[PDB]
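If you want the building blocks of each chain, they are given just below.
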Amino acid sequence: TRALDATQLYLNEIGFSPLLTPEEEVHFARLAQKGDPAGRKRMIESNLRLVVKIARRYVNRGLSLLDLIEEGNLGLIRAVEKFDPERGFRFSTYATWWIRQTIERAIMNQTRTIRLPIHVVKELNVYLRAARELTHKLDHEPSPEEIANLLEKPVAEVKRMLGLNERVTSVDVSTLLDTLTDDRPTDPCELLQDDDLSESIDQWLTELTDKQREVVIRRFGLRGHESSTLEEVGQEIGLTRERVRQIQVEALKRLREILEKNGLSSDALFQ
Amino acid sequence: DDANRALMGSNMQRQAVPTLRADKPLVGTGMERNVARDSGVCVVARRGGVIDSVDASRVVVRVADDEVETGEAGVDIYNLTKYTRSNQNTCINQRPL
Amino acid sequence: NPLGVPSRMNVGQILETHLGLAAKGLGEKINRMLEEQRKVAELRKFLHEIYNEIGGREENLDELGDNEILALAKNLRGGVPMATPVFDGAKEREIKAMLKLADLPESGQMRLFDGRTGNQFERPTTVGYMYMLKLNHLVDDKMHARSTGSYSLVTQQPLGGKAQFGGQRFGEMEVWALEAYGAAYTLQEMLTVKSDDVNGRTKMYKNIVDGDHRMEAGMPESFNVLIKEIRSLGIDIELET
Amino acid sequence: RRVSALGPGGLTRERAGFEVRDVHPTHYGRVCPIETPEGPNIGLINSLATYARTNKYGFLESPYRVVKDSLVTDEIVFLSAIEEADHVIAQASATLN
Amino acid sequence: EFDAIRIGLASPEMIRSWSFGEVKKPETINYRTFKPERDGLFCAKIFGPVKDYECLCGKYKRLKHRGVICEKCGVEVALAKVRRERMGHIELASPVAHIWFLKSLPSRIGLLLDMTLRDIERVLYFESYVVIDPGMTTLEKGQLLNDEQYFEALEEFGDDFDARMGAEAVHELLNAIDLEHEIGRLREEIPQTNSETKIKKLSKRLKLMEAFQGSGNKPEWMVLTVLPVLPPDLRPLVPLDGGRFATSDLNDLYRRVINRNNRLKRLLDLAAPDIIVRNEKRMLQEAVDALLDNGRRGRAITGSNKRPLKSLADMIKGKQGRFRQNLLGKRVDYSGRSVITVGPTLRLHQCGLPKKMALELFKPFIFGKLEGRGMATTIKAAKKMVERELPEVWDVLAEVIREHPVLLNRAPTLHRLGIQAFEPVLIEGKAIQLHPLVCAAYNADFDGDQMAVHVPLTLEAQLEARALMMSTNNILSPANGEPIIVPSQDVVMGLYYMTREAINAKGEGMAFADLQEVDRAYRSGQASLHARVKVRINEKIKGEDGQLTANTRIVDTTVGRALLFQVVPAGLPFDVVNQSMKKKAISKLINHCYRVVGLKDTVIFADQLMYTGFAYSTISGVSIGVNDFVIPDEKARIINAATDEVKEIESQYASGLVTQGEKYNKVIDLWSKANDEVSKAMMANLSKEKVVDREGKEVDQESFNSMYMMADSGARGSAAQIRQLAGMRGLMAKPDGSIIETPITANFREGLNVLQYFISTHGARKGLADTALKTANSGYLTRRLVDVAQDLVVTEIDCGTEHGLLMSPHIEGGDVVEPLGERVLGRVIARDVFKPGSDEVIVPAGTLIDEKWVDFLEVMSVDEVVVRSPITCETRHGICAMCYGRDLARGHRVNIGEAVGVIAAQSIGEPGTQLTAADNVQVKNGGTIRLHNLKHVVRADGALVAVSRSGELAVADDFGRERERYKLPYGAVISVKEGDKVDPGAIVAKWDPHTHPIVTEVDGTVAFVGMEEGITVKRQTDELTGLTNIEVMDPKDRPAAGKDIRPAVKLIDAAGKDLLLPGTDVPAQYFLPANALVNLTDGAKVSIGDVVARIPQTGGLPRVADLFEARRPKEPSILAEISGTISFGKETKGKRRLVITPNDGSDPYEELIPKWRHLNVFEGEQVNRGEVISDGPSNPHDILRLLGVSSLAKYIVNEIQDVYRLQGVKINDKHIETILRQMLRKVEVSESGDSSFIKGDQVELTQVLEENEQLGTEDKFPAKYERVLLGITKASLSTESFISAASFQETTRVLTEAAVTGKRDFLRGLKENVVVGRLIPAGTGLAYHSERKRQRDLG
Ligand SMILES: [Mg+2]
Ligand SMILES: [Zn+2]
Ligand SMILES: [Zn+2]
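Chains as they are written, first to last, in the deposited numbering: chain G, 57 to 230, 238 to 334; chain F, 679 to 775; chain Z, 1116 to 1356; chain E, 533 to 629; chain A, 16 to 931, 946 to 1126, 1135 to 1376.
Keep in mind that the hints were calculated from the coordinates and are not lab data.
Be aware that a few hints might be false.
Negatives, chain A to chain G, calculated, CB over 12 Å [unchecked claim]: (1) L78; (2) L189; (3) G229; (4) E665; (5) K1006; (6) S1154; (7) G1277.
Straight line, CA to CA, 27 Å or less: simulated BS3-like cross-link-like pairs of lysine-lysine [what the hints assert, rightly or not]: (8) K557(A) x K867(A); (9) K79(A) x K39(A); (10) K79(A) x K1321(Z); (11) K398(A) x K1277(Z); (12) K324(G) x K1211(Z); (13) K316(G) x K395(A); (14) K1318(Z) x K384(A); (15) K371(A) x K399(A); (16) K332(A) x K1343(Z); (17) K1160(Z) x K1189(Z); (18) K600(E) x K662(A); (19) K66(A) x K1277(Z); (20) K1340(A) x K332(A); (21) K1151(A) x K1170(A); (22) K40(A) x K395(A); (23) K316(G) x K399(A); (24) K662(A) x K749(A); (25) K1301(A) x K215(A); (26) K521(A) x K555(A); (27) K118(A) x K219(A); (28) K96(A) x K1321(Z); (29) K96(A) x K74(A); (30) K1277(Z) x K395(A); (31) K371(A) x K1277(Z).
Every residue, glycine too, gets a C-beta built ideally from N, C-alpha and C.
Please construct the entire structure, taking both the sequences and the accompanying hints into account.
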C-alpha cells in the first residue's frame, strides 16, 4: 500500500517548481514594489524551494517536522515585502536571514507548556551552552560552584535559572495517576469535623453575654458580617479604643474557659 | 515422600526466617554441613594457628611460623559484622564459637 | 493433624518423627550419666554402642581420653544428630534397633494422658521430635482496616499504598455473587454511595453520626467521567432526556 | 544457582505452552526435576543439580564412572548430553561383591 | 429521576450552548506565580476558579452572593466542583472530518456517498479534484479529476462545472445529497439486478437510511466545524515533592492543535498560493487524528517516550481488553483482610473479628453512640477518646456490635456461596476466626488464605444480610439438593469411631433404661464406647403433619450408636442412626432432616454434630504410625511370579518369534493383571486384620486400623491412594503419551530408588502445570456464560403454555446411571400422567413434584413423564416461574424476582477447577424383548436378519419399563423372543462388524444387470482356490467407458416374472458396491435376507466449551436432507449426488458431496434422514434445522453430563437448559414480505409481529421463520442496549454504530444499571421498578 505522509506528499510538489534565476529575480522584485497580487505570489514560490533544506537541518527539538516548514514560510512573506531593488542585493540572500530568525523565534515559544518571555529564555540557552562546554573540558559531573565561576554569576542566581527547565515527563506512562492525591481536604471525617466545630462556635458565641459577643463578631467576622479594624469598629459601638480592647480580653478568656469544661482540649485540637 | 510434596517442601526451607536461638536438627541429610561453608555468612579461617584473643566483635588469630612469609607473619584481623539491615528486613549477626 | 497423611502422601514425615524420638531419647541417657559422675572408660563404651553398632560410617578411638569426652558429652546432651541421605536412608529395621537401645517402645507409639479430663486415651498416639520452621508471613503486614481516607482527582476512589491504607478491590466476580442473591440495596451501596460520590459520602457520614440510617440516590463519579470524555469526540448524550 | 528461561532472547510465560513446562528424560543429573517454583512460572525456572558442570561450548555435563567388563575402575569422566545415548548408564546403587 | 439516554451526532448550534467561552491562546499558567491567566486551558474565565468562591483580583470573597460575577475580570465566583462540568470549544478555520467514520472497516461516509475508503481519503488530502453540481455536464460526481483533467473539462463545457478540492467539497455534497430521492434509485433497481454481492450491498443501504431519518439526525452533522475541549479537572497539574509538577498527555495534544489553528487563523489575508494552502490544512487534519486515536494510522510520538500518546480512544478502553479498568475493579470503604483461623467454639450464625479491626471498620458507628449518650458533645472530643482506647470505649464497642452482620468473602469467587454474611464476635488476636463447617463452601483451607470483610451501613442492607445472605439460610447447594454444610473430614472421623460394633468389649450384654442412664455408665468407666448392649429409646414419628406421637421400643444397638441419637431431634426415626455413619450417611441425614422437620431445628442439629464430633475425637488416639501400613505376605509371591514370566517373553524377541509391536502390548497387560492381584490381596488383609478372642475360640471382625478408618469412613483419602502406600504403584505414563513397559515395584513405605523416583516426576509436574492453567480457562468460561444469561429474570407467575420435553431415565448402557426420580425432582408436570390402563390419571395438572411424589411415582410403573422446561415458555422478557423448577437453595418454589440466569451460569463454572469391539449383543438382565423403530421382514430359514440401519433392542422388565436399551447395527441376525423369559448372558445377536452385510427383501432368482467385464467387475481369485468369486472394480481405478456404468443385480421370480416389493413400484435389487465379493453366482436362487456381497469396513474444558460455541468440528458427519429414495451419484462427474424422489412429493433439488470421504456407497437403500450416514462427530447446526428443537436440547444435556459425570460431580439439568434458551433467541427469515429478505430478528419479536398481522382482512400479512443456533460469543453481541455490547468486547464498533443510528437506550437490564447507579431490576429491586413504571404509565 501507499501512505499519504505529510512529508512525502510535500516534497513531491517541490520538484514541479522551476529554479530562480538571478536576472529575473531582480526584475520580479521591481514589480512587487509597485504593487501586484500575482508578483508577490509568484516570487513566494521562488524562495519556497529553500525552506525544505533549511528546516531539514534542525532536528531533535520540541517542534515536529511539519511545524518547521510552515514557520519557515512566514519568514519569507515578511522578507519579500521589504526588499531594496536599488541596493542590488539578492532577494534569496535576504530571505535566508529572516527564516533563520523566525525559526529560532518559534523554537523557544512552543517548546514548553509554560509561556516564557524573551527575558528568561535568553538565559536558559546560554546556560545550556555553558553546561555543555564546561562538561567537555572537565569530562566530569558539573557542580553548582563551577557554573557560577566560569560565567561570573552569583551562586544563588544560577540555581534559580537552572530550575526553570522543568522538562516534565508523562503521567499515564507506567500508574502515576492513581498514586497521586489531592492537596485539599477530601476525607469525610475531616469534613464532618469542620461542620461540628463551626456549629459549636456559633453556639458558644450565643450562649455567652450579648455584649461580649457583638464586639468580636464585628472585629474578626465569625458570625458572617464584614470584618472591621480597631478604627473602623470605633465609630460603631465605642469611640474609646482602649475600653473596647479590655472587653476583648475578657471575652477571650470566657471563650477559653467554656472550651476546657466542654470536653475539648486546645492541645488536642492542633495535635 | 511424593514428588508433589517434595516440590512444596523445597519452598518452605527457602522462605525461612532466622530465629533468636539456633538449634541443630536431630535428623539431617549430610549436606547441611557443606552448605554453610560455601555461603558467605560464615567466617572461615584462612591461616591456621593459635587464637591469641577472641571477642564478640573481632577474632584475632596468630599465624604459625610454617605457613607464613618472612615478614608480617601474625597479621590477621577478622572483624565480625553486627546487626545490619538485610534486603528482606531481617537481622544478620555473627557469634564466636 | 493425622488426617493429612493419606491424601498428602508423605511417609517420610512419620519416619522422621520416629527417628527423632531415638535422637532425643539417647540424649537423655548421656546427660543423666554425667550426673552420676561415671568414669571416662564407661562413657567411651556407650559412645561405641552408637556409632560402631548400626551400619554406616563409624569414627572413634582417635580423640583424647579426658579432654574430648567431656566436650562431646556436654554438646550431645540435647540430642544426638543423625544423618540420613536423600536416597541411602535407614530402613525400618535400623530405626527400631535404636529405640531398643534407649529403652523405648520399638512401635513408636505410646498412650498419652489428657490434661483437661484426666482420662487415658483409648488408642496409643505417636509422639516424637520434628524439625519445624517459621515462614515470613507475619500477620502484622497482612492485617489492614480503613474506614475513611483520601481519594484521587480524576476518579474519586480510595487510595492504597500510602502511610494509611488497606482496602479490598470489589472485582467483577464479586458483583456476580450479589446478583445471584436477591440483594439490591447492598450492591448499589458499595458501588455508588461508598465510592465515587463526593456529595454522597458527605451526607452519608452525617446520617450515621446523628443515628439515622438512610441512603440518597446520588450520582457515581465513575459515570460522570465517561460522559465528559465521550462528548469531546463529537457524540451527543441525552442523559437528562 | 537458579537458571531461568525467560528474559532477553527467550520465551515468555504465555507463549511457552506445555513442551517447555515439562520434564525431559535427559534431565538426569543436570537439571533438578523436583525443584521448581510454583505459581504462573512452573517449568520455566529450574535449578541446577549438585554435580552439575558446564561444558566448553556451554552445555550441561554430568560426572560418570568408567565401568569395564570385569570390574569398575576409579576413572571419573564428565559426559555431555548428546554423547550419553550411546553408553548404557547404570544405577547409582547396585549389588557389589 | 432520569432515563432514556440517547446517542447522536453533535450540531454546531448545540456545541456553542454547553460552552462558556472561547479559547485562543495555548498559554495557561505563569512562571512568576502559579496562577492561571485569561484565555487558557486552565483559565478561570471559561471554567471555574482554582478554589471555592474566589476570583483573580480577590475583591469579593464573601458567601452572600455566590452567583455574582466579578466586574474587574471575567472570572466569577463559584464552587470547586464546577470545573468538572464546564467546558470550552475551539474555532477552526476549515472543517475537518472525524476518524470514527473511517477507522471502522465499513466506512460510514463511503456507503452514503457510493465511494471507496481510499477515494474518500484522496479528496481530503488535496490529492485529486472532484466536481459537484454538474447539471448539464458529462462529468459525474463519483468520478475523479486531476489538475490537467479539470482544466480540459472547463474548455469543452464552458460553464456549469465547478470543481472543488478539500474538505469543503465533501461537505458541499452532504447538504444536497437528496437522501429522500437516493433511496428511490436503489428501491426501483432492486428487482432489476440479480447478484449475491449486489443484494448484500442493497440491504445495508436501506437499513441505514431508514434509521438515519427516523432518528432526526442531519447529514451535515458528520463533520464538525468546532471541537469541544475536555474540562481541566480531568487533566490536572499536581505538584509533588521537589518543586516539580506533572502534566497529562492530553495537555500536549490540545496544545498542538491550538497553535496550528492560530497559524491557519493568521494566514487568511496574506494571499497564500495553492502550494501551501493545501499542506497547511493537512497539518490540522493530522492533529485531530492524533487526538482521537493513535497506533492505527498516525501513531504520533513524543520526546523521551517510546510509547505512543494516550489519545481519547485509548483512555476509555484501558487494559484488560475492551473492558474498562473501573468496571473490572473498584475500591470500596469499610473493608479489610487478614489470615483465617479455625475456631471450634463458634456458633454457625456467627464468626470472629479482632478488636483492632472492629474499631477501625465501625469508626463512624462509635461516634454516633458517644454523642447520643452525652459523653462527648463535640465530634473532635470523641475522636481523641477512641484513639487512646480507654475502658469506656470498649463498653460502647460491644454495644454497637450485637446484631449487625458483616460480610466475609475470599478473593476468588466462582459461585454465590462465596459471599456469606456472619455475625461478628469480638475476639483477641490479629486473625479472623471462621466456622469449621462453612469452609466447604468457601473452598479455602487454613494454609495462609486471606479473606475479605465488608460492613453494611444503611438499614436496608442490614435486613438483606439477615434474610438471604445469612449463613443459616444457604445450606443447600445451588447445583444439587445435597447440603454443603455436611460434616467435614475431622468431625466425620470422630463420628465414624463412635458408631462401631465390637465382638468382645467391656460392658457387653447389659441392659440400660434410657439414653440418660446409658450415658451415666460410660462416664463412670464401666462401659466401653462400642459394645453390644440393649437400650430403650423414645422416638417420635412425623408421618402425619401436625401431630406427633411417642412410642417405646427396645433395640439391639451399641453404646456409641445410642449416644448419637441424643443429638438428632425426636422428629426423626431411629433407623437413620443404626448404620455405620460414613460420610455419605450423614449427607443423606441432613438432606432428610431438612425436608421433614424444617430449618430452625436443622441449624441446631448441624451445630450439635460438630460439638459431639470433636469431643469424642480428642478422646481417641487416632494416629498414623509406620506399623499401620501393613504389607501383605502375598506381595513377594506375585512379583517373583511376574518377573519369571517377563523373562520368557524377552528371550523370544531376540529369536524372531514375537515382534516389538506386540511385545509392548503383552508387557503392559501382564503387569496390569498383576497390579489388580496385589490390590485384591492387600485390601482383603487390611479389612480382616484384627482378630479378637471371646469365650474360647477366636473370631474375625472389621479391623480397627488407623489407616482403614480414614478410608472406610470416606472422610479423607480414596481407595486408589492406598495402592500407593502399602501396594505397588504400577505402570506410569510418559509425557509423550505412552506407558513405560516396566512398572515401579517398590512403594512409599519400603522406599523408592533414584531411577524409580524420577519416573513419578513426569506425572507430578504435569499435574502441577495443569492446576495453573485451569484457573485461567475456568475463569474465562464462567465469564462468557454469565454475559448471555443476565437479561433472564423470572418476572411472571402464570404463562399458560402446554409444551414441554419428554423425560426418561438413563437407560443407555448395561445398567441405569441416573434414575427418573433424580431427574424430575422439583420439575412440574406438563401434561396429565396416564396409567398403563386407559381412562386413568395420576397427576391432574402441573403440580410441583416433591419428595412425597417421588415415592408415589416409583411405586407405579410410570417411566415416561413430560415436564415443563425453560426451553419452552416462549413468553418475552423473562421466564415464568411455573415452567421453572423448584429453587435449589430453598425447598419451596422459586419466588418472583430471583435472577435464575446468574445462578445458572455460576453452577457450570463452579466445578471447572476440578475437571481436567461391538461385535455381539449380550444382555445382562432378563425380560421380554421389545423392538422399537425397527422394520424386519420374515426369513425363510428363521434367523430374522434385519438389514435396516435404524433400530434398537430393548428388554422390558416385569413392570413394563425398558430396563436396558442397546444399539442394533445394520445387517444383524437376531432371533426374536417376544413373550419369553431370557436368561442372563444369553446371546441375542451374532453380527460381524468386520464385513458390511448386504441383504435384499426380494426372494427369488437374482441376475446382474448393467455389469461390464473388465470395467466394473474383475475375475480375480485367491491363491490355492482360497476364494472363487466375482470382485467388482473401484470407481477411480476403472476405465473411462465403465465410469458411468453402475451394476444393479435385480431380483425376480424363478419362473420369469418380475417381482417387486410392496410399498414402492421400483422392484427390489441387490446392491453391488466397489471392491465387493459376491459368493453366490448369478442365476442361482438366494434366500431373503441373506448376505449378497462382502465389503470390509477430546475431553475436558475444551470439550464442554465447544458445545456452547456451536463450533463445527474438523470432520463433520454427512446426513440426508429429505427422506425418500437413496441412490449413488455419478463417479465420472466427480461429485457423488444422492438423488431423492419421495412418493408423496418429488423434489428435484439435491446435494453434492466430495469424493474425499467414503461412507454408505451402497446403491439402493432407504434414506433415513434422521439416521446418520457418515460415522463421526455430529454438528449441532444440522440437527436443529432437520428434526426440531426438542432433540437439540436433549443432545446438549446428554453430552454435557457425560463430561461432568466422569469426574464425579453432579449438576442439575435446569442450569444446562437455561443457557440453551438464550442461544435459541435468534431466528432467520426466508420470505418476509413485510421486512428485508435476510435479517436477524428475535423469535419473540417475530411471533408478536406475526400474531398482530394475522388479525386482518387478508389474513396473510404474516411470514415464516426458521430456528438457528448461535454460539455464546455471537449471542452476547446481539442485544438492543449498547452498554451491554460495549462492556463485553470491541467497544469501538458498537460506539460508532449507535451514532449513525440514533438508538434510544432503555435501562431495564442488570449490566446496564450497575454502570449508571440505579437499583438492579432483579431481586429486591423489582419493587422499586414496579412503582417507577406505574408512575410513568399514568402520565
Ligand atoms: Mg489455601
Ligand atoms: Zn477577581
Ligand atoms: Zn413458564
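Hints, one by one, checked against the model:
1. Distance to chain G contradicts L78(A) as a non-interface residue, since its nearest Cβ pair spans about 7 Å, not more than 12 Å.
2. Interface exclusion of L189(A) from chain G stands, the closest Cβ pair being 22 Å apart, more than 12 Å.
3. A cut-off of 12 Å between C-beta atoms confirms that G229(A) is not in contact with chain G; the least separation is 37 Å.
4. Interface exclusion of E665(A) from chain G stands, the closest Cβ pair being 64 Å apart, more than 12 Å.
5. At roughly 77 Å from the closest C-beta of chain G, the C-beta of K1006(A) stays outside 12 Å, upholding its exclusion from the interface.
6. Look at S1154(A): its CB is around 43 Å from the nearest CB on chain G, clear of 12 Å, so calling it non-interface holds up.
7. No beta-carbon of chain G comes within 12 Å of the beta-carbon of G1277(A); the shortest separation is about 33 Å.
8. At roughly 13 Å between alpha-carbon atoms, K557(A) and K867(A) fall within 27 Å of each other, so this suggested pair holds.
9. Annotation: proposed proximity of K79(A) to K39(A) is violated, straight-line Cα distance about 34 Å (limit 27 Å).
10. About 25 Å separates the Cα atoms of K79(A) and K1321(Z), which keeps this hinted pair within 27 Å; it holds.
11. Among the hinted pairs, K398(A) with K1277(Z) is consistent with the structure: their alpha-carbon atoms are about 22 Å apart, no more than 27 Å.
12. With a C-alpha separation of about 79 Å, the suggested pairing of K324(G) with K1211(Z) is violated against the 27 Å cut-off.
13. At most 27 Å may separate the alpha-carbon atoms for a hinted pair to count; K316(G) and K395(A) meet this at roughly 21 Å.
14. For the suggested pair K1318(Z) and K384(A), the alpha carbons sit about 18 Å apart, so the restraint of at most 27 Å is met.
15. Using a Cα cut-off of 27 Å, the hinted pair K371(A) and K399(A) holds, with the two alpha carbons roughly 16 Å apart.
16. Restraint check: the Cα-Cα separation between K332(A) and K1343(Z) comes to about 15 Å, which is no more than 27 Å; the hinted pair holds.
17. Between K1160(Z) and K1189(Z), the direct Cα distance comes to roughly 17 Å. Compliance with the 27 Å bound is thereby established for this hinted pair.
18. For the hint linking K600(E) to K662(A), the alpha-carbon distance of about 25 Å falls within 27 Å, and the restraint holds.
19. Between the alpha carbons of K66(A) and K1277(Z) the distance comes to roughly 26 Å, so the proposed pair stays at or under 27 Å and holds.
20. Taking the CA atoms of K1340(A) and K332(A), the gap is near 22 Å; set against the 27 Å cutoff, the hint holds.
21. A C-alpha spacing of about 26 Å is found between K1151(A) and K1170(A), which places the hinted pair at or below 27 Å, so the restraint holds.
22. Distance check on the hinted pair: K40(A) and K395(A) sit about 48 Å apart at the alpha-carbon level, beyond 27 Å; violated.
23. Restraint check for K316(G) and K399(A): satisfied, since their Cα atoms lie roughly 24 Å apart, inside the 27 Å limit.
24. Taking the CA atoms of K662(A) and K749(A), the gap is near 24 Å; set against the 27 Å cutoff, the hint holds.
25. The suggested pairing of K1301(A) with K215(A) holds, with an alpha-carbon distance near 21 Å, which does not exceed 27 Å.
26. Restraint check for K521(A) and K555(A): the C-alpha separation of about 31 Å exceeds 27 Å, so the hint is violated.
27. Simply put, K118(A) and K219(A) have alpha-carbon atoms about 18 Å apart, close enough for the 27 Å limit, and the pair holds.
28. A C-alpha spacing of about 20 Å is found between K96(A) and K1321(Z), which places the hinted pair at or below 27 Å, so the restraint holds.
29. Only pairs whose Cα atoms come within 27 Å are accepted, and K96(A) paired with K74(A) is accepted, the gap being roughly 22 Å.
30. A hinted pair counts as satisfied when its Cα atoms are at most 27 Å apart, and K1277(Z) with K395(A) qualifies at roughly 24 Å.
31. In summary, the hint linking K371(A) to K1277(Z) is supported, as the alpha carbons are separated by about 19 Å, within the 27 Å threshold.
Hints 1, 9, 12, 22 and 26 from the earlier list are contradicted by this structure; the remaining hints agree with it.
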